[PDB]
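As a starting point, one isolated chain is supplied in structure tokens, in the form deposited without the ligand.
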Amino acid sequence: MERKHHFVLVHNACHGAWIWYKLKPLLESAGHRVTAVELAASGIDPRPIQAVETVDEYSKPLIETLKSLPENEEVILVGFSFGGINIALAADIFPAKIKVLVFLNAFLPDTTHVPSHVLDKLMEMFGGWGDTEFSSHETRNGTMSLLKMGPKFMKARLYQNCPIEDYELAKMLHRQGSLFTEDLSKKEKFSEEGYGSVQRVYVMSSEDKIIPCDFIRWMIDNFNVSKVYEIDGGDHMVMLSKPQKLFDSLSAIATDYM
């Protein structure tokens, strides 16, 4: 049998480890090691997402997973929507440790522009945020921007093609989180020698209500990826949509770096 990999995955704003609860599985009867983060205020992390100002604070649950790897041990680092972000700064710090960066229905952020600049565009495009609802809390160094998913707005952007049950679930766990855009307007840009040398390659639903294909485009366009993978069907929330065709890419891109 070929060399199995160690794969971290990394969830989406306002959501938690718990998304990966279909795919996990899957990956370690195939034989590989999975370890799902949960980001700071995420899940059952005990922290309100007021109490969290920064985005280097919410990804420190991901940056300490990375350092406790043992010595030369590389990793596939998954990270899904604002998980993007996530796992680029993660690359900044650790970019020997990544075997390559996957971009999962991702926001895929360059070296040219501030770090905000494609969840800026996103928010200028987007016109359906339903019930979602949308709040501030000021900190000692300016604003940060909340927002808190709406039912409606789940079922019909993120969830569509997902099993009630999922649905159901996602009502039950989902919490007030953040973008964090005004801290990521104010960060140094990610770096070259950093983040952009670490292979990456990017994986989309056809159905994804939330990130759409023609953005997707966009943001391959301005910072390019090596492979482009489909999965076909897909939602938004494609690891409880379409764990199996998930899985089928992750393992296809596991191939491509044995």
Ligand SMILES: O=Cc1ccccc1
Contents of the next structure:
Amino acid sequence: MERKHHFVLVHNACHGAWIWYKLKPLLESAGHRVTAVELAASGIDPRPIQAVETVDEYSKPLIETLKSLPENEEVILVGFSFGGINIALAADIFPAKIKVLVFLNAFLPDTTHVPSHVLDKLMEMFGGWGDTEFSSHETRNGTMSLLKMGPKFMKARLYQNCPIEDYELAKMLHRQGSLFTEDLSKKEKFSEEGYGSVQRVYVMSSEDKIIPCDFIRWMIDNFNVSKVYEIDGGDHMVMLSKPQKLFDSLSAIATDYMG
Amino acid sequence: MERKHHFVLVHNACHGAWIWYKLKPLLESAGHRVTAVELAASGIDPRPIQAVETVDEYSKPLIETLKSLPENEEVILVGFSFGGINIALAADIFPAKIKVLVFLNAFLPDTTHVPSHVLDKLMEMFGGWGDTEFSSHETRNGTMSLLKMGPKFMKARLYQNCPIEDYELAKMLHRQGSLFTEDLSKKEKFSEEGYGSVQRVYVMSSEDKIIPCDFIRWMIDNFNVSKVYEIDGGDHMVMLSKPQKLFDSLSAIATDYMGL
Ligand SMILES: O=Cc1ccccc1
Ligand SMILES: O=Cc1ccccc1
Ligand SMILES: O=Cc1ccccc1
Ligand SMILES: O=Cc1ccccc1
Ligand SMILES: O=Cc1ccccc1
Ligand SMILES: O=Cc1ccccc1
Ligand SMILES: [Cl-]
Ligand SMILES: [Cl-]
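Given the form deposited without the ligand, state the structure of the form deposited with the ligand bound.
Now the full complex is given, and it begins with the chain already shown.
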């Protein structure tokens, strides 16, 4: 039988490992191994976002996960939404541990501009945040901008193609988070030798109301990927609205990178 | 269309409000109101159980929910597993805000023995902890016993009839918790005038492998209820394995306490 892979799955800001609860057993049934990483101050991590002052601190559970893998293991590393930035930071540290980066409705940064660049671009044109609550927290690293999604904004812009159960679950579990745009705007640029050396593919939802298709085409065009896979009918939260189709995309990526 | 109700849902130890994710929209699509409480150091509360040292602190979010209800509003208060102890404590405080207590696969304490009684009986009786991790934490008032379920134990004893997705979900959400056995042993008995005065019913899973159906009978004999409802094929996590049947039982309860 064909060889299986280890998928490492990285959630979006304000969410947690829990988002992967449908996708994980589909991947595992097909014989793959799955690690759903919980980022700092995410999901059931008992540590408020206010204690996680930088994007490196936020990402630390992923970096520790890659550090821990046995020698020469390579993973399919999937970053969702803000998880794109996480996986890019991880790839600049452990590029030989990554078979392919999977940017899933994700921020795809480049090696040319400041790491916040594609975030800053989206925020300029974002549209409505609805009932989302914005606040600040002062730190020895500067001021952190925090966000807590509002329920209307979740329903209209993230979860509009999800079953009602999933939306309810999300209301029970979403947390105050941050997109670390200040921290990102002054980090060093991602390197060509680390991040830039790693194979990458982009998986996009057709109905993502957060990360629209034109913005995606722009990021890709700014920083090329080897292949693009589309999920027809996916909302932003495509692991909840179309997990089977997400599984199909990841399965096509595992075949395409089985060498 | 006759009166709908406000259901207040109280989760078990080591879990959180998220367990009710299937039940809540069922109740709500039938016109009822639902509050799924999140107890201290549970679910997404960024506070470790070690910091919550007493059952009264654990239960505070429930107390604050009840306290904030409008004057004369009464709720159907559902307590799942250790949630039974929480709802009894709440009923000892605010009996007049509770139309009926629903003990769902729940510890059902009495008004004769110390509040830990039924918990101590289960701990003496139960042989199936498997890979669960027991540990202690010392407080200034004494030892606090803690527990963190193991995934084999979850699969065999709580979730054995749940969809695989729900078990995966629980693995990414459950937390170290506590049954507060030392603290409950030191508390005053539940009262006949508060808790004892509130109507109570019992809803049981026919396949509960953690609170065995015989142990449930022993509890009910020990401290009777008005009515027992049975969910055929439920595991302990019956809001995940048989949510529609649970919905049916709580709708039947809602009918039997229709508001004259
Ligand atoms: O896009 C945000 C939003 C908020 C409330 C209602 C509808 C949309
Ligand atoms: O609309 C307010 C706001 C605050 C911080 C970042 C983006 C928007
Ligand atoms: O460095 C930031 C900070 C935040 C809260 C308390 C103390 C320091
Ligand atoms: O819900 C029952 C239970 C029992 C032991 C540990 C956690 C939960
Ligand atoms: O089996 C029950 C038990 C209780 C506390 C510590 C160890 C075991
Ligand atoms: O209840 C725990 C358990 C542990 C190993 C195998 C089967 C059950
Ligand atoms: Cl995000
Ligand atoms: Cl419990």
